[PDB]
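One chain comes next, on its own, written out as structure tokens in the form deposited in one PDB entry.
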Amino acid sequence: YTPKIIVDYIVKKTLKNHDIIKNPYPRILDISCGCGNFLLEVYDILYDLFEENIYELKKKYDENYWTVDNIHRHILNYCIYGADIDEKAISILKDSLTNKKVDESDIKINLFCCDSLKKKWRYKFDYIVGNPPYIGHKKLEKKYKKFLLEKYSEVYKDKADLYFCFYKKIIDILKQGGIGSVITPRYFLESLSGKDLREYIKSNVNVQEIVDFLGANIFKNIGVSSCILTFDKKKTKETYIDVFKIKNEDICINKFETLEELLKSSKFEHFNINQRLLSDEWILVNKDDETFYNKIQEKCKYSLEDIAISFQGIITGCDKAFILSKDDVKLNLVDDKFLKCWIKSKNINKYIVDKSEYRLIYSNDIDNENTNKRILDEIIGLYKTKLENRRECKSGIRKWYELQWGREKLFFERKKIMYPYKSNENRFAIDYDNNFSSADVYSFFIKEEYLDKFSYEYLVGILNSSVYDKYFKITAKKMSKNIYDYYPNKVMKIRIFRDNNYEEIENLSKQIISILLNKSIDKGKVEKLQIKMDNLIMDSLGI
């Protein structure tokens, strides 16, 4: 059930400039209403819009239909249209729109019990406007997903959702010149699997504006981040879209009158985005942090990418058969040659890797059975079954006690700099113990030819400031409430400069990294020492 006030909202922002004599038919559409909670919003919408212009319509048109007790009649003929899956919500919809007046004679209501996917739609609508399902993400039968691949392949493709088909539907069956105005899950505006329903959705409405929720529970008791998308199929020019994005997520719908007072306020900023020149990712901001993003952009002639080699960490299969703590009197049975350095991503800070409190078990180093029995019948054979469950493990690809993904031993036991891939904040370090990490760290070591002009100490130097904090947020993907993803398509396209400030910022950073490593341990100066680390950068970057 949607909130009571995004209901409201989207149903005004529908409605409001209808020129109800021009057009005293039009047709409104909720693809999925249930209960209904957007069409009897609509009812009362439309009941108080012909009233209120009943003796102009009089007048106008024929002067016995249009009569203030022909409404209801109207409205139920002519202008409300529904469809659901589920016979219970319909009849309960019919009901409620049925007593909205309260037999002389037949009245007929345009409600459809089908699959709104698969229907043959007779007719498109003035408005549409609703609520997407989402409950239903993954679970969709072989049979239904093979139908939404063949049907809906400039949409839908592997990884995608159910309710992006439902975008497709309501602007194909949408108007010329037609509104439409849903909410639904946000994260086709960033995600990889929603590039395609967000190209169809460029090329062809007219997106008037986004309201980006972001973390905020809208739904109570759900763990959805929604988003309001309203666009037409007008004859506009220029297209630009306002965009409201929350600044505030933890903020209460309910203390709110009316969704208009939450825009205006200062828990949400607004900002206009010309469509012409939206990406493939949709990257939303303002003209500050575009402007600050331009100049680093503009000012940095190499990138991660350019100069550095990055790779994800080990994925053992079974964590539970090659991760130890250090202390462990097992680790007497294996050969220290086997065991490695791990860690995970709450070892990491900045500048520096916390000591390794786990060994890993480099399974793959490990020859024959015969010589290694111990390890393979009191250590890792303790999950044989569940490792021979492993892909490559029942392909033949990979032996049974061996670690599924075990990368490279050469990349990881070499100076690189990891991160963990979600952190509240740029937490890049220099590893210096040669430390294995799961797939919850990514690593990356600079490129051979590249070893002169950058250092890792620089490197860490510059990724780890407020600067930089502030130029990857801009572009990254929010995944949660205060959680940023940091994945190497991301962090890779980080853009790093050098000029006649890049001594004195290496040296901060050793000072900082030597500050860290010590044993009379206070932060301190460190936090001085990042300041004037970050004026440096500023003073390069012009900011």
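Numbering follows the first chain given and starts at 1. Compared with the form deposited in another entry:
The rigid parts of the chain swing between these two forms, and the hinge residue from 283, 439, 365, 326 is 283.
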Contents of the next structure:
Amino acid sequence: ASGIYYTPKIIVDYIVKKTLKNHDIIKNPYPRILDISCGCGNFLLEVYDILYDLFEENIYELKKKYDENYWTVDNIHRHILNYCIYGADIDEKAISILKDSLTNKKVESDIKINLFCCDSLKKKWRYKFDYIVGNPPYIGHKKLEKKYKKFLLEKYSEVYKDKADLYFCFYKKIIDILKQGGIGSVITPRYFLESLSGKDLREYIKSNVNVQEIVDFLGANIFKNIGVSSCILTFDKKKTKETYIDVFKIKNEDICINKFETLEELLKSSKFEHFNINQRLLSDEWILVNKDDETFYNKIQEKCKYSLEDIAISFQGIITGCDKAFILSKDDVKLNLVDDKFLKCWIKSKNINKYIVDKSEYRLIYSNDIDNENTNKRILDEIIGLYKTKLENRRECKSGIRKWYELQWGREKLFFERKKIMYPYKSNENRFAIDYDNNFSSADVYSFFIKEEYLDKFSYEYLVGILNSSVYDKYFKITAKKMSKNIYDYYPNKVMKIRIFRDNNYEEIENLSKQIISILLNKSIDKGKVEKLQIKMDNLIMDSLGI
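Given the form deposited in one PDB entry, corresponding form deposited in another entry:
For this one, just the chain is written down, with no partner chains and no other molecules.
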């Protein structure tokens, strides 16, 4: 619970260099560089060294242009601390350590150091800043205290709503206190580039700064032993004529970040691709792909006349609120106590394959159908009641909306007890399966069924055929939310926006999917024929979409 994260030195040197690379110290020898989340001083200590080289290399020009008694090498250290370096952190010990480090850069009157121990989101900042760098805290909607969220919802509502992250507000604060003509460069999670929550934040950035560069590391592990995916955003408040973004997108998530001495060498190498995006062409969604992918994506969008949302009804799985209380192995002897009318088949995300679901190994006790506590007393006493204390702490039980033994979000049984399509909520590839067995699931598996009015235009067999194809795997990943290494989010807020088509190839595509399903359900599966049938289907789909 330290809360302090060490940014890799190669990232720190890149961010500091990207802001101070072309600063004109002769024109402005009083630049104000700020880190509002400085921690122990990863960025500010490097800012000191860059500034010290800058002043020393131009000391005689400064001496000649301005006060010749003020601009001496022996005075550079005092000048940097008084007028240039600013830091803020909520952690007293980190500020105390950083104060010692800045003091020890040179070893008389004491020197005032512009280090504030405060909440950067509450501090009344008395002026704006030329340069802002650093690494803000990332805290999501579960790990943030509710009283603090009430404050964020009221004062940061332009970027913070619903399931937004704390670092959204640091983007707003950094932008707000950045001088005209200033430059900001930060490392944050990448998820705001695509997530539904980040929509308002994306609008705020696009409308208030010129985005110079986005370095997207995708699923690469920048922070050791940390489950987060990172990007570097550099932006400015300069009067720009044309506003194009440099986008550096990693191509191999397996790289060791220290392959070169500098991050610039990595960005220019074959490990990264570069392309430009017109900031004026950004909609609420930022589609940051190269020209080949953009042509591909636009081709499918224009050709497809329906979306899944148009033809399907989507829903999230059961949320029991305590899985250990209600989920049992199908061979558990405790299920002899439960009448089979209470038992539902239960699958996990790993049970979903392309076109078909694995046989379920677990059973859900649909405890909502338990009428009285005196009837079915043994089910409550010997199975569900083993977790009564944990069950009573669920929000709806504390308020009395749910009895302690009920499912927290049991949804509607009828939605699950029908032919439907299921997909994992997080996966490396498109895996849409037809469920024939009335499978229930938690929120790690999503489902949809086709609306009645569209059943004559679209069959489940046709839909899983195109959705599992290599075309639609690539098509979905163009705009999908990249979570971690080899994991995209497959959530309705993007899955339901997938567009679909029907044309002369419908019958052959549907027939190939039926053949694959028939093979996959056999005892002695020969998977080889399935792969050949998939290749032929991919050719039909590419012909249909003209790609």
